[PDB]
Amino acid sequence: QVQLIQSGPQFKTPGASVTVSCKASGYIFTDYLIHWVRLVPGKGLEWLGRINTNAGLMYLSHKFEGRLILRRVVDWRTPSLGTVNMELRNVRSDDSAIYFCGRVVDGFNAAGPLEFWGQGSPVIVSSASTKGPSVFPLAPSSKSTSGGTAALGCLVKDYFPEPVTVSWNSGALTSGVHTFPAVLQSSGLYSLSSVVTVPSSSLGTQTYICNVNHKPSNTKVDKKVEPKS
Amino acid sequence: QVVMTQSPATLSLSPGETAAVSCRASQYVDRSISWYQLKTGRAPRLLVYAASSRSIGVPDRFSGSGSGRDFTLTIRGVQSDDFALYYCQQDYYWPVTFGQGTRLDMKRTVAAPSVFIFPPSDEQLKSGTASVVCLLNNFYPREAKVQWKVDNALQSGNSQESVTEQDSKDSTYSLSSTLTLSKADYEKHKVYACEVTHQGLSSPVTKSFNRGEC
Ligand SMILES: [Zn+2]
Ligand SMILES: [Zn+2]
Ligand SMILES: [Zn+2]
Ligand SMILES: [Zn+2]
Ligand SMILES: [Zn+2]
Ligand SMILES: [Zn+2]
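Protein chains in written order, with our numbering: chain A, -4 to 224; chain B, 65 to 278.
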């Protein structure tokens, strides 16, 4: 029945404008207010504003007046289909987040408890084009003791956009693996790590290789990790 | 703006126990309070609206109380599917505002982390950057702190870290921290250390290497 499909993830450079369209279905379009909420990864949720899909009026929080415009298009033919677009000018570091689209519970047009959401539209603001990662080994240092078990891994550095895949020994090695959430650097480029817990004896005797695949850049790479002496 | 304060920030429980998130409001708000469940890579799910109305599709174990400035979300029979973040939302005044969010964990014995430090590799120092990486492996509770010291000088602003989902078999976490520097400044100092603080550790743990010591 009810469904809200949003734009695919977008990547914009600072100062640019982004538009996120949300297509509503399965209900009378002009009978409910659509709201917009941003989810910033580290922080929490942020209300952007709301649009009256019938008259087209716009109500935004002060933080965004003059920087953002909501527009709706009602469908020629049917009342159970409509699209609401969002446009935010001069995007900056603080604006990277997942932008969600949602409509109120029936009877709550004057309030804002959102019952139906779109899948979410990530928009990253970086000063960068598509790039392949550089993969460096991580191994315990020359005079490093690790009582009991030891660790190693791959640093997957300076790539854009997300995402990447990281396996080990082409899959044969899976116990003890930890591949961590990517972090966006001040460079506008992503950096990620994938490590694995392994016995101290085995270090230096078994072959460990990380298998990286950055599909956006067509980059596929295998790197052997080895401790040095 | 209307500030909304949630408590606790974290909440560890095992399946079956009852949980109670409370959301305080900076001012009166009739009953214009909502609750949302939030999971990684998924849209927010409405649990309660108008402070007490359970939304359709939501199990009867979810329930919302409160009125005025003190509201509560209760989960009687907690279940695995209920481990996630929960946020409160006010719409009495524009603009809408949310709480900081509560993390609903899965309790287990305290477990201190295994700490490893990794120096910058051959290949990366020929490219022009130094990345020191510090790993905190398979630990619990989730709250953990990492400080970086070079020549024992406390580093600030030049570090980034990442935390993994709560593992579904040990119920532990792991943390990766990356200290990025210039190759020029990396070759300036000798000792690189990663101090780690956690509830399961008697005292601070420090893993280090000496730049260039064989
Ligand atoms: Zn591990
Ligand atoms: Zn009333
Ligand atoms: Zn029901
Ligand atoms: Zn990292
Ligand atoms: Zn320095
Ligand atoms: Zn200290």
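Bear in mind the hints are in silico, worked out from the structure with no lab data behind them.
Careful: at least some of the hints might be erroneous.
Chain B is nowhere near these chain A residues, computed Cβ spacing over 12 angstroms in every case [as the list claims (entries may be wrong)]:
| no. | residue |
| --- | --- |
| 1 | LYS18 |
| 2 | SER20 |
| 3 | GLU41 |
| 4 | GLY44 |
| 5 | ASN49 |
| 6 | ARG62 |
| 7 | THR73 |
| 8 | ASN85 |
| 9 | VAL86 |
| 10 | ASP90 |
| 11 | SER91 |
| 12 | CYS96 |
| 13 | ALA123 |
| 14 | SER196 |
Derived DEER-like restraints, expressed as beta-carbon distance ranges [unchecked claim]:
| no. | chain 1 | residue 1 | chain 2 | residue 2 | range |
| --- | --- | --- | --- | --- | --- |
| 15 | A | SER195 | B | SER71 | 39 to 45 angstroms |
| 16 | B | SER220 | A | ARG62 | 30 to 36 angstroms |
| 17 | B | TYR157 | A | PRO158 | 35 to 41 angstroms |
Heads up, the beta-carbon is just placed ideally off N, CA and C, and yes, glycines get one too.
Status of the hints after comparison with the structure:
1. Listed as outside the interface, A/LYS18 is consistent with that label: its C-beta sits roughly 15 angstroms from the nearest C-beta of chain B, beyond the 12 angstroms cut-off.
2. Look at A/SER20: its CB is around 16 angstroms from the nearest CB on chain B, clear of 12 angstroms, so calling it non-interface holds up.
3. For A/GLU41, the condition that its CB be more than 12 angstroms from all CB atoms of chain B is violated, with the nearest at approximately 8 angstroms.
4. Listed as outside the interface, A/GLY44 is inconsistent with that label: its C-beta sits roughly 8 angstroms from the nearest C-beta of chain B, within the 12 angstroms cut-off.
5. Every Cβ of chain B is farther than 12 angstroms from the Cβ of A/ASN49; the closest lies at roughly 19 angstroms, confirming the non-interface assignment.
6. Consistency note on A/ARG62: stated as away from chain B, and its beta-carbon is indeed over 12 angstroms from all of that chain's, at 14 angstroms minimum.
7. Residue placement check: A/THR73 keeps its beta carbon more than 12 angstroms from all beta carbons of chain B (closest about 25 angstroms).
8. Residue placement check: A/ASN85 keeps its beta carbon more than 12 angstroms from all beta carbons of chain B (closest about 20 angstroms).
9. No beta-carbon of chain B is positioned within 12 angstroms of the beta-carbon of A/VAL86; the least distance is around 20 angstroms.
10. The claim that A/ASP90 lies off the interface holds: its Cβ sits roughly 17 angstroms from the closest Cβ of chain B, which is beyond the 12 angstroms cut-off.
11. A cut-off of 12 angstroms between C-beta atoms confirms that A/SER91 is not in contact with chain B; the least separation is 15 angstroms.
12. With a minimum CB-CB distance of about 9 angstroms to chain B, A/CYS96 fails to clear the 12 angstroms threshold, and the non-interface call is violated.
13. Distance check on A/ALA123: its Cβ is at least 16 angstroms (rounded) from any Cβ of chain B, clearing the 12 angstroms threshold; non-interface status holds.
14. Residue placement check: A/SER196 keeps its beta carbon more than 12 angstroms from all beta carbons of chain B (closest about 16 angstroms).
15. Here the CB-CB span from A/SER195 to B/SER71 is close to 43 angstroms, well matched to the stated 39 to 45 angstroms.
16. Checked against the hint of 30 to 36 angstroms, the pair B/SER220 and A/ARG62 passes, with Cβ atoms roughly 32 angstroms apart.
17. About 39 angstroms separates the C-beta atoms of B/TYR157 and A/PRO158, a value consistent with the hinted range of 35 to 41 angstroms.
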